[PDB]
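Only one chain comes next, encoded as structure tokens, the form solved without the partner chain.
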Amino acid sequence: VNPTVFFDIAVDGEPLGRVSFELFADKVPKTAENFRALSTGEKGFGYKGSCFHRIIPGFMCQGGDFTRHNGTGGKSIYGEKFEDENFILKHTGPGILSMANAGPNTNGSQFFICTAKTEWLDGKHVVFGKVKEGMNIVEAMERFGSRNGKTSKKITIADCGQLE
């Protein structure tokens, strides 16, 4: 009943693999719906073709800025920003999917995939999903990151959508 979405990753145009994600629509329905709809592109905009602009090995992979491709843009299906829905779920380890933001109630489209336990983000960032398949592809992506987050190659979401 919780949606599964997938991302097909490419590194400088060449296919790397697929990562799928379970979205916790049961606990964070509004946040889960925003990610799901941007993954299918059904509202007319979304993640397809966008890049992961910030990857820091041992911490996280960040993407979701489909309008400025660098951390300064993006928007939700509800408008520019939307509220923190709740903080029920915690950043308990690698594989966690969480919303990036710029302050309270400033969720747009940017998100990060944790590759480590990041307990200090609890109560500041809304957790809404986790990697279901392809954690090994997220580990492969990390090796293209760096300490300041700049990627040595262009990491893009070549395709995305809903599996269930």
The other form holds:
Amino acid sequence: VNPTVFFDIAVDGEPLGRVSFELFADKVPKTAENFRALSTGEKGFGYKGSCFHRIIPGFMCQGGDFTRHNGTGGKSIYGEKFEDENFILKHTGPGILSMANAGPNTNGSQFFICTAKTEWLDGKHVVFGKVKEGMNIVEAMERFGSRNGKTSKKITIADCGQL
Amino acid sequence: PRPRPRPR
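What would the structure be for the form deposited with the partner chain bound, given that what you showed me was the form solved without the partner chain?
Now the complete complex, all chains and molecules, led by this one.
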């Protein structure tokens, strides 16, 4: 059974809402496990208190940089980086959850939630989950993004874990 | 600085 994780989102510290995700452990078990464990904080680090540092409306919302809070950091449960596990799953539409990276085999902790079909990312970013509840909360987060991704308010993961 | 993923 594929695991479910949730994030409770806040805007300048004001609760916004919860987003849950199905993680496709059946297809990308290593990548799904990294995200799952970073969501639970079970290795002693992870997403709780981290921010969505890059939000581009009509494209995606990016976060998971829990070390440097700006797109230059993050780490996996396996080490600083791990390989692209596979590209079975494609960027089919809004709600897809996919790994951000800095080129091949550079997955750490950074992720994005698509708010459009982004097929040009097929075979360059590892798709590992989708939004199951709260896509409306992801849609609301776009109210605080910009063309270049800079956010107009501080968007944080106030709480996260496994359902 | 051109963070990935890149838009189209």
